[PDB]
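Taking the form deposited in one PDB entry, here's one chain by itself in structure tokens.
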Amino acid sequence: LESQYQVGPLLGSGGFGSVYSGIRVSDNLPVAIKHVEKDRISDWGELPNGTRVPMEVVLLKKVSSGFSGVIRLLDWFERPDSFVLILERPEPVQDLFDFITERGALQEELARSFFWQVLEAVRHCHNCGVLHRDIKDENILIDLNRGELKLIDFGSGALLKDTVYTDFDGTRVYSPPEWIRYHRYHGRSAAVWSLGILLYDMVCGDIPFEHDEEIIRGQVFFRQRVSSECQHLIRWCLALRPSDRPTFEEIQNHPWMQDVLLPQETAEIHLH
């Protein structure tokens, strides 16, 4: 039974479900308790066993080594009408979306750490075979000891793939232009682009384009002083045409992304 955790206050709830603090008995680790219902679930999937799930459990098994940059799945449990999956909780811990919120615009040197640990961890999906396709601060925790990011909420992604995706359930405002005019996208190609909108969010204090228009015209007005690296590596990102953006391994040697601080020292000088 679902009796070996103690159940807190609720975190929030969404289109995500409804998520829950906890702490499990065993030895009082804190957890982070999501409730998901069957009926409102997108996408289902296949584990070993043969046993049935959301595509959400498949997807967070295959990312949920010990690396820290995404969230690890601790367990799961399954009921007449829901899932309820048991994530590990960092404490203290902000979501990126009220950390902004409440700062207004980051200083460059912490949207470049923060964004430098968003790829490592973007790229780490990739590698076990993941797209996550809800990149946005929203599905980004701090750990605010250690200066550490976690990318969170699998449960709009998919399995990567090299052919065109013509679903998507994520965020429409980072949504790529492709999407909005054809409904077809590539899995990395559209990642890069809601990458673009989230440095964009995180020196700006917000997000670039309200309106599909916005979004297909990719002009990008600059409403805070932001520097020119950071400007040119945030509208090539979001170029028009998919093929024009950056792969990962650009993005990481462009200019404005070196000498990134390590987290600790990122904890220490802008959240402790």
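Residue numbers count along the first chain shown, from 1. Just so we're on the same page, rigid core means the largest C-alpha set that superposes within 1.5 Å between forms. What changes on going to the form deposited in another entry:
Only one candidate in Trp256, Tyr20, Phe16, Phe248 has its Cα displaced by 2 Å or more between these two forms after core superposition: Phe16.
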Contents of the next structure:
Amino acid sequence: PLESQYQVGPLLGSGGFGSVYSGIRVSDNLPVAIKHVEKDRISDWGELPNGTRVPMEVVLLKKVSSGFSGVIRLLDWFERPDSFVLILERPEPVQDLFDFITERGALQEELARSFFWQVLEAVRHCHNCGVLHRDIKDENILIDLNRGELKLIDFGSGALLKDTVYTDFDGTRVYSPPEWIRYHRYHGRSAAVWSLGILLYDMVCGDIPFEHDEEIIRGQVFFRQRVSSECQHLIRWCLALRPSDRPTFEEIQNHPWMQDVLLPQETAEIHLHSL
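Please show me the structure of the same protein in the form deposited in another entry, now that we have looked at it in the form deposited in one PDB entry.
What comes next is one chain alone, with no partners or other molecules.
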């Protein structure tokens, strides 16, 4: 047990009410993120395979951890009287997709296609593991600036994936679909695909398409930057008003705009400058 197996560093992130510290695993120097979660604001508890009462976030992290590098891995966790503490992998150097977009504006299609594809692979891997993220967005995506690999983070609004209707939601409103806004219901996959359309527009236009409830419900997309027709068609497809008109993961990945994606390595050399 105990907190001498990590050395705590500076607080990460530039705002918000959460607490995440840069850390280093004393045992082997592995860089890690130390995320503190308060009991008071966990609304969702689950119970572990061996049946302990933990935050849903932990149950979901444990279900998606494993060889595949597309989701940040939970390396360990500890409970305290008033909070849980989660130890996760930390790439170094790293930058979130929100900052990266703040710095570099709208991304070339080629870089968006490669980022977007790795996001699809990560989300497929969560779904495949029985986990629904429910807050896919540029702040919840890390870029490993050296290998050009993206990593999905923050399962704090997620749920077990199921085929029936969800009537609760706690993620980011401007990424949530029109069926949630109007009826307080949605289904997992189709909701996630809407958030993927918002994300792809964000990447190619440098900002999200909708801020207000009405624009979400209206679902009309205006492009403010030059964006190929195939990419605009994928986006409008993801943002179909009717859930059953959205594409599956498989159709998104077999879309003509998704062909000939760069490997992560090439993506970092070309767009992140590696060598």
